[PDB]
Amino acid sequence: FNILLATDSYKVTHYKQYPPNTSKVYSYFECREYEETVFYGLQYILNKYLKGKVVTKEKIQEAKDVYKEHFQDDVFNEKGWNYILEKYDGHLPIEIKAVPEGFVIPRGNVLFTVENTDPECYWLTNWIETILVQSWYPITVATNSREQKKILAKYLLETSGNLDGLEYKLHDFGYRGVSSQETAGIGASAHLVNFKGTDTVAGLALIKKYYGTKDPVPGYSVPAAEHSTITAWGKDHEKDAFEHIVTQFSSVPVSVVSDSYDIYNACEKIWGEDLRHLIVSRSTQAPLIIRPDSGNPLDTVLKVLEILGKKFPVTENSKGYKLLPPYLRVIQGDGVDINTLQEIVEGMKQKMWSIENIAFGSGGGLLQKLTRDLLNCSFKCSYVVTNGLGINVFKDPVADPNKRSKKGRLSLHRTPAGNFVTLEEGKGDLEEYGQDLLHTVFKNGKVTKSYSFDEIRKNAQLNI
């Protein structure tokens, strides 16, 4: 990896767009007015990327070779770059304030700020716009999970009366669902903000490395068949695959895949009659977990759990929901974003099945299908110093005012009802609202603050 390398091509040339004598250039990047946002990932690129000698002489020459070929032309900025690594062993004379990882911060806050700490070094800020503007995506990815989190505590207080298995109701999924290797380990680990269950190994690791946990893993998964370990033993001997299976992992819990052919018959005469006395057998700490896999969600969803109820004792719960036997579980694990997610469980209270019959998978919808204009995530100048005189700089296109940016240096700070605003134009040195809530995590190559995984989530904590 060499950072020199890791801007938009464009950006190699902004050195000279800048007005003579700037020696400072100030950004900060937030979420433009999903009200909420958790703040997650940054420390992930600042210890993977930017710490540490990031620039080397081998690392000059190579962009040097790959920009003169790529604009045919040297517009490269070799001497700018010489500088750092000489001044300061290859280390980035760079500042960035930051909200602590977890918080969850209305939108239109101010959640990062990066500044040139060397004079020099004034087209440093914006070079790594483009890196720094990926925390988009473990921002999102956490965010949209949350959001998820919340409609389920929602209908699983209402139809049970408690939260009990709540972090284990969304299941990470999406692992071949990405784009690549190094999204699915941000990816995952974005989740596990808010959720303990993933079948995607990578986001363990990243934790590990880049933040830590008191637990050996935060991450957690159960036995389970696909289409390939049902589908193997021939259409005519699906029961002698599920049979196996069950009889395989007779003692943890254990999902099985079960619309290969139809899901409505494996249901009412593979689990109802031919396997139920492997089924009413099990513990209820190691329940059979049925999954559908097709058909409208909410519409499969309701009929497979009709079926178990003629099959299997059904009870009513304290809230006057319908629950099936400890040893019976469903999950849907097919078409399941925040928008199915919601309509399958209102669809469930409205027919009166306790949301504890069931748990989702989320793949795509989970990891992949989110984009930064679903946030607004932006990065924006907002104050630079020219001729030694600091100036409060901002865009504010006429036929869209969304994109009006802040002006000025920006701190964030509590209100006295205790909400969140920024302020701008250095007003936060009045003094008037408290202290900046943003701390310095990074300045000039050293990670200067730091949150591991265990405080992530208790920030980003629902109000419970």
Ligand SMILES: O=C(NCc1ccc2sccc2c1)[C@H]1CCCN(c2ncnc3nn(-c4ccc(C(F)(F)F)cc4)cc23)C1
Contents of the next structure:
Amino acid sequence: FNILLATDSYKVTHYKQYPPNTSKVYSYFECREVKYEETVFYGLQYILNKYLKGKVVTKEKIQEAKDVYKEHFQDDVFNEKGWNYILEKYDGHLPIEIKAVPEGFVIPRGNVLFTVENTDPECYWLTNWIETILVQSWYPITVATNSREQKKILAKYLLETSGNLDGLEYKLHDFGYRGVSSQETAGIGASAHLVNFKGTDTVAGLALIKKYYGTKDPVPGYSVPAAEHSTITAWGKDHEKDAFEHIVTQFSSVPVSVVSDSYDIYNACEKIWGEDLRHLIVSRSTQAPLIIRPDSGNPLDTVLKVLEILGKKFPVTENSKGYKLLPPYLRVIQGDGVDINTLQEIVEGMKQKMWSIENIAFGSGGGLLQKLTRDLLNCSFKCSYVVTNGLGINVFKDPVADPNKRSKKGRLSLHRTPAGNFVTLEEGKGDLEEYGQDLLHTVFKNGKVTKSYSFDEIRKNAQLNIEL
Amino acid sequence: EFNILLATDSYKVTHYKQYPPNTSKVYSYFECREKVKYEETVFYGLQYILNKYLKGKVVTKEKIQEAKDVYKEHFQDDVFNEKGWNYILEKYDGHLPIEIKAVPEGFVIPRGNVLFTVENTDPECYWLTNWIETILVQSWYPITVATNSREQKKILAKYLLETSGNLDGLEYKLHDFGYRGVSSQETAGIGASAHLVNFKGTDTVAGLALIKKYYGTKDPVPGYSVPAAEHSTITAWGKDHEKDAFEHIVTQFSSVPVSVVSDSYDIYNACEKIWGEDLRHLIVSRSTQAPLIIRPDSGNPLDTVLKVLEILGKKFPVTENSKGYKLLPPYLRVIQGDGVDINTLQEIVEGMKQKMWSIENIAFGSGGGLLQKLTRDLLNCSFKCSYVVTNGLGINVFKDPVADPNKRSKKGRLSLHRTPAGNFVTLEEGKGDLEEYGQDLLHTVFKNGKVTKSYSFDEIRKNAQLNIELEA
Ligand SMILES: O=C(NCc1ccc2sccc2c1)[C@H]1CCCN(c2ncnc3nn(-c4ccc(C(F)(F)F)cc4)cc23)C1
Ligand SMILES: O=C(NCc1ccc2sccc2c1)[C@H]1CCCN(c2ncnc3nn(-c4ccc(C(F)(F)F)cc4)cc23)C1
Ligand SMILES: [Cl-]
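Since we've got the form solved without the ligand here, give me the form solved in complex with the ligand too.
Then the entire complex follows, led off by the chain already shown.
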């Protein structure tokens, strides 16, 4: 990986664009103002370690960038001198200071989350060179936020229909491995999901967490055996019962998920699971239930009909809240067409039909990890302060067309209000000490990570109020 | 170091226990299922995955032990198929006994056709075909980026030809701004590579290194860029010094095209008063080869572009081209780089045509729309098992959910053929064996750990050409 080639093309030309005698460039990141009123800050530590720390400049990487940019621009605009200065004076370590709110923190929209500035007047251009790298923080931030908002919905309806939050952490399972754009995205996004839940089929997220964050337990996420359409349909259309019987027998003492919509979902629940193989189901342990998985049709209508079918073939109880409950050896997972919008429609529809959320878990793939954009939380990186000719000026952009696009001014700090909320102070006014100490911590300075967090601390920082 | 044993969906670790006993072959295919309609898809991206993740010695004793340890904790049971993976290590030196056949990269294929097939070449590795489903299915992303980018090229081609009379500079009309708007570094390189199948302009440098490394081009670089300002380089001069920043930047880049974002404070003021009066003398002296490209970054995309053009038309000498459409002087152009996606792009060029503005005046930049706002759902990319051999007898397998007709899968051994009318057809149940449809267009691209056929990025670009381009 070459950091010289890891930025937007036009930033190669920006060192020629600042006012002469600019010694400091200071920029910040924010999620500008389900409304997504607060965001989980997560992901920066991965980027600091993988891409920014240590000796990131070498003579080979300088020559490599020079050659590519010569052709890419059909001209020689690359700042070979500036990158050679960093190589010689700092042994390839970036003269940059980054301050950030602790990872896992839940911060309302419109607050400074991290800031970036150069620690050497010669590398004024370096602050915004690494904008492209740092701005991709939007994705772990957005995945963790949107997953936590789904946890809020599940927590509300689980508590309503069951009376507690038992198993809340396993109610949203990550199916997004094949639905995302790359391997690296799969690991990043799955790790952001594991901030809030414990269930994932995306194995790459586990290795990311151990390498860059760490956890007391051996792994941060868990899975169960499960069938796919290929392992069912390979038996032939007339032998779906044989496949079902073989699979739950092979996994008789662990939980097993079995997709049951290969040909007819309703038929499989009523006659195969509910009549032919019913004796293999009711014999199952509470620890290892059969989890029927519908994979097609309208998500809410399918779940309700599936439950109504199973309720008439199996012994239903009424829990202490008055809500119906399958026997402990039988559960349901809906892992098709689940995003935050449809998830809300399902649990509300289940509650209206007096079904407890204990009966169901959810799986999400593309919605959980792929259908998200930087626009969703307005993740933005803008320069707020420069020093030219020895006097610093507060800088901002205020487009006439859009008020929302307006940016913060000057040196920034994050503080607690007297009522315990968050406030971002502008124009260096945090130096007046009317709001206490600045919340941001130096996490990166001059090529070294100076403060880090375990994935256990991040999980505790990210918990819901209902859980506290 | 990447471990292929840890690069699949968790539950596929347990699937070797789930197939019918005495199964010697598992045969699966990839397609963009039938449901801007997206009637045809550019096949691109598989060669990247074959080389980066699948070829060579991908199994080692350390990687087997590593997977065993993680899996035991992950499932809280021992389900990992250590025996099957050690067989591949000892018998084939860690090379995957798999054969992959595929339509050539760059080919434009209508929806509902087999694009590649996967099968095991050793009866002991029946489970391996679908183990690598997750790795292979991620080809949906370069396929979808290339298809959606080509569809935007179609729109630009139609309106450029209508308002100008030719397609000059079409391959530069959609610029890739998506580096910071995507989910990771690897995604940025893959997606920018798929955009360069259809265009030449990119700010995502990672796509260039991917192409050189995995595909290659006769030319030194696949994509090109121009110097450009951002809000940070303008606003750093101060509120009252936007004119100073403008003047400094166009003078530093007197000799090449330079894009200057002009909406930091007031976009309309910048074009009418600053570009159009204060600095007009630095603009009109510019060469045709190195024009000033004014960039508006906010407000309604169509309304801003129209008002910007109306402002510039009154401060600068406009001509009427041979089609009757208005044209800025060659030293002055416009680029709209905000809020551009396939739907918005169509709205802009149509609105420009209604106001008698040539598409020659404008280029477009897209970030999130071009590379991040796409899903596997859009082209219905799907990987399914269509054929298996059990007890020596091959059977055609498929899924036919009652709730959804669209979810139904193809049956048996598959082949892709040219029809008598020149269209494409996918033959099911091994019927391609009959030879009534000509030669199978799928070629073996991967067999037993080796990439057996590869394509240059030059061939891919030729294969993906628009019909309008061919006639011209
Ligand atoms: O009772 C436990 N287990 C068995 C169990 C109970 C309820 C349900 S509801 C769907 C599955 C399931 C399974 C203990 C032991 C630990 C789990 N516990 C859980 N409590 C509440 N809801 C849970 N959902 N899942 C779950 C979700 C998705 C998947 C899959 F297939 F996608 F990977 C697998 C399991 C676990 C839940 C506590
Ligand atoms: O002298 C050439 N062009 C100058 C030119 C003409 C029209 C326009 S309209 C926007 C820019 C522009 C620039 C030759 C040489 C090669 C280019 N030619 C092109 N012909 C037609 N449309 C083109 N758009 N772009 C373009 C788009 C985006 C960006 C960026 F990076 F800022 F985003 C830069 C340039 C080039 C066009 C032919
Ligand atoms: Cl999905």
